[PDB]
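We show some of the complex, not the whole, and keep each chain where it was.
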Amino acid sequence: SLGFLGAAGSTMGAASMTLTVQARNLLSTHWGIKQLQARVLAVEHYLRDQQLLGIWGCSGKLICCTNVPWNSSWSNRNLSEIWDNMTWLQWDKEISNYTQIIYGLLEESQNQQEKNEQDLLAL
Amino acid sequence: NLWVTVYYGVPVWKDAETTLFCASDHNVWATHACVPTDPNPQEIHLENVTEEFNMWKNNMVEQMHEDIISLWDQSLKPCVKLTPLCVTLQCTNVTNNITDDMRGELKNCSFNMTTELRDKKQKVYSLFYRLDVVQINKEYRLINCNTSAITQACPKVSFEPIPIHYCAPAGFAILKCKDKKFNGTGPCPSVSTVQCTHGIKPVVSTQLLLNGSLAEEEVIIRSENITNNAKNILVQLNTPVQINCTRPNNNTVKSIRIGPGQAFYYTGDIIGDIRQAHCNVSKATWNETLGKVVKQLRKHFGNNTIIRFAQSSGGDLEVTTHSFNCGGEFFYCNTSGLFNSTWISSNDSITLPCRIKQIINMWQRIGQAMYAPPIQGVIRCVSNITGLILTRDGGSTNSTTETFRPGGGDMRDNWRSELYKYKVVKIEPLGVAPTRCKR
């Protein structure tokens, strides 16, 4: 059950099982304009995240495995430590620095994969 | 060994400044412009979430300030302008029914004002409070004629506060601090998530905070920096103090057409004895309340120190007195009866004299002045004191005595007394972590 941010503070493992709750809440006088600005902003943020999932090859998925190997330099923790003894807020702070590196790699991998699919289909 | 895995819908967030919109259950707060609220709002307790709050750096306060001012101004746009009232007034003293306390407070002013037809004039007289009229050299003018224009407030639009709920845009959330005895800053071990705040009444006052929330257990002393003499102290009480205010005079209100479709409202006469406006605070309740305040101040200023309360040191009427809107009338009450005591380690009452003004400047601006129409009859209102705004004198540093005086006048500090437990955050649903899963 819980609620919109109800899993926050739970460990990453447990929190990964409630992903649709947050997914559902996204998108749901000058004071008419204030409301439009709020609506437009919610839409643009939603779409930028969707654009990245599209580019990285995940699209309409909540859990997306990819072909980019994990670097021990981003984090050298054991999996049990990450999934059982940490929350997502703690994790996000720990690897905040490496976010753009990882995102760039996710994009490169997908570009390579789409080209390879095209060539194999032509054969 | 491990691969990057992407997760969407991750319950993580980062501090953010965004635009909030209002929601609600004529009236100057224009509540018809707000989104109707959810009759049964949700609140989600977040187990094991500790978050850091800072009420002194809170954009929600800045937005409430701007919305309140904008609503105020919007409500005056369609109302009658009183520029025809900057004429020489011929004023004499009202003496017929004056008690000693009221000598010099009212003036009987005659003047030449326009009619619907622009080629005619009418002779009008009305009663004015001394504070609204300034001598020119019996020749007087209204106090605003050399700095601003007057707009008459519309007689049918109420000033009574209606609770306003602030709501976050989708993609954002408001975190609430549930801790009891929370001083406005630092970590808050018990939090919850809401989409909208509780309703907040936009009560406007200058020294005492009226009709707000009470502390759950103890008086709470909040300040950006306690030892900084430049900062105000917001004191939240754990019990209300009841205050009974009145305008005992029975006013007869008259009106005059001054132009096509326009009319001016004024006090014609007073029926009965003329007495001063005043507020009543019970002795016993006030003494207990103040005692609780000094106990908490000692925690900050020393176990064996002297705490002295004193009246405001000076400044504009708006800061030296306690201002409020009672029945739609504007009162300026003297609080020296409440803050005149040195603290060292039945049915009696304190009467606070009050003055009344009809020409009101507000939000500390110049050039925009309002005329508050008089109200017919006798005015009475009862309200609760839920907090205080105090300012501390700089000390000698070599003497164990501190002096506190009523402070205030900066409206954002009143807002902060309700918007201290709320923080706005942006939800960041997209993130990554390693796992043994390859595409």
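Points to keep in mind about this one:
Letters A and B mark the chains as written, and numbering starts fresh at 1 in each.
Basically, a residue touches a chain if its C-beta (ideal position, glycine included) is under 8 Å from a C-beta of that chain, and two chains touch if they have at least 3 such contacts.
What you see is one copy per chain type; the file as a whole holds them as A x3, B x3.
Just so we're on the same page, only the chains that are shown with their structure count from here on.
Between subunit A and subunit B the centroid-to-centroid distance comes to 44 Å (mean Cα coordinates, whole Å). Of all residues in subunit B, only 1-13, 18-19, 21-22, 33, 35, 42, 44-49, 70, 74, 169-171, 173, 193, 427-439 touch subunit A in the complex they form. Contact residues of subunit A toward subunit B in the complex are 2-10, 12, 15-16, 18-23, 25-31, 34-35, 37-39, 41-42, 45-46, 49, 52-53, 56-58, 61-70, 75, 79, 82-83, 87-89, 91-92, 95, 102, 105-106, 113.
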